[PDB]
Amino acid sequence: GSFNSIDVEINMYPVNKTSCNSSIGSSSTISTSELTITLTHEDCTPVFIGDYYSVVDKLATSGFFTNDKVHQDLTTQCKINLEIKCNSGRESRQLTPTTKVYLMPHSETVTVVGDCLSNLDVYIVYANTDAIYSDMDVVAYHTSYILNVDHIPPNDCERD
């Protein structure tokens, strides 16, 4: 079976802004006035439906996730691209994941532009909800020490 769920998490320190704006679509964004996170998902069948950005002091957890009812088309190759853009970032660079052996087909790239973050963690997680929890593919990236964001709720950007 193929994954029917994609979870993207981005944890960041330090952040100075709590207010954000979201626009989901082919190129989904979460942005504050100091950081923009841009996600693409070409040829990935599960559709991204929600996101969040929530802060405790200067620590942020954020992410995008899909509906979990439709399985990936095994005839198309899911490509997840993610870019974290700092306000005055001058040059892009690629992050390298901590593992490269996976159970399911997918490709991903994670890029950061600027050095405004002392800690940046990214997880791209593909799961077949029909399969045991330990069979998920977890693609993990860390620029520094790994942030603990346990128990920070997934508040969305809408202030209405």
Contents of the next structure:
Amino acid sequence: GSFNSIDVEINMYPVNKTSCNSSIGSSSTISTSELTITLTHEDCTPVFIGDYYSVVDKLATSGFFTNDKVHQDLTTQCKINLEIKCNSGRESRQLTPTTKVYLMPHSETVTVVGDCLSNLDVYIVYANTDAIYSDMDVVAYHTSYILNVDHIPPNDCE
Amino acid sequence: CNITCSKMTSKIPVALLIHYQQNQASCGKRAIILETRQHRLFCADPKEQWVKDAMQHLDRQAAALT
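Complement to the form solved without the partner chain: the form solved in complex with the partner chain:
Full complex below, order starting with the chain above.
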């Protein structure tokens, strides 16, 4: 039941700003002038080492990633909080994922502030890269139709 | 040709990259193919330092795997 790697993938539509500012720290953020994404985690052993954000048209992908050099301590429970805030917002509801069973321990919360996205997918990927076959828990949220972002490269912020 | 190099990709975090390959002369632009953790391919331009370092990095990983 262990894992050693976490990925967060956020796809959004439609978005207008492309210049972006990012930070990995106790509070991890990806910011444009129209959007703010914030990641806090707690008791998570794998370490986040960067984030990304790339847009094609008004279609964007973005997210946060750890390396895979360390496994999750199984005596504590990794907790992932993700907030997606419109700079033009007020109402702050959280989100419900596709139901499903998981082989690894973790908790996650996705909060959304604002109404500026027609489309929003959010994937949290807990992965055990010490597996022979693909060994990933995938917690998925959708607010409408599932966007395709293959073909959009995960560029760093700029 | 599974891929033909139109636009080149701008900087991708070296941590997200898992493989690179020389692209066929026949395929498209004679450039480098990059593979990401998400199982995706993008065409990069070998002259940029970033791509160069990326390559020396994956090269470093492939050795070690041996």
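In this text, the rigid core denotes the largest set of C-alpha atoms whose superposition between the two forms falls within 1.5 Å. Residue numbers count along the first chain shown, from 1.
Undergrad: Which residue moves between the two forms, judged by a Cα shift of 2 Å or more on the rigid core: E42, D115, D135, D57?
TA: Among the listed residues, the outlier is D135.
Undergrad: Aligning on the rigid core, what is the distance the CA of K100 moves between the two forms, in angstrom?
TA: Shift of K100 at C-alpha, rigid core superposed: 4.1 Å.
Undergrad: Taking the rigid core as fixed, quantify in angstrom how much the C-alpha of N67 shifts between the two forms.
TA: For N67, the C-alpha ends up 1.3 Å from its position in the other form.
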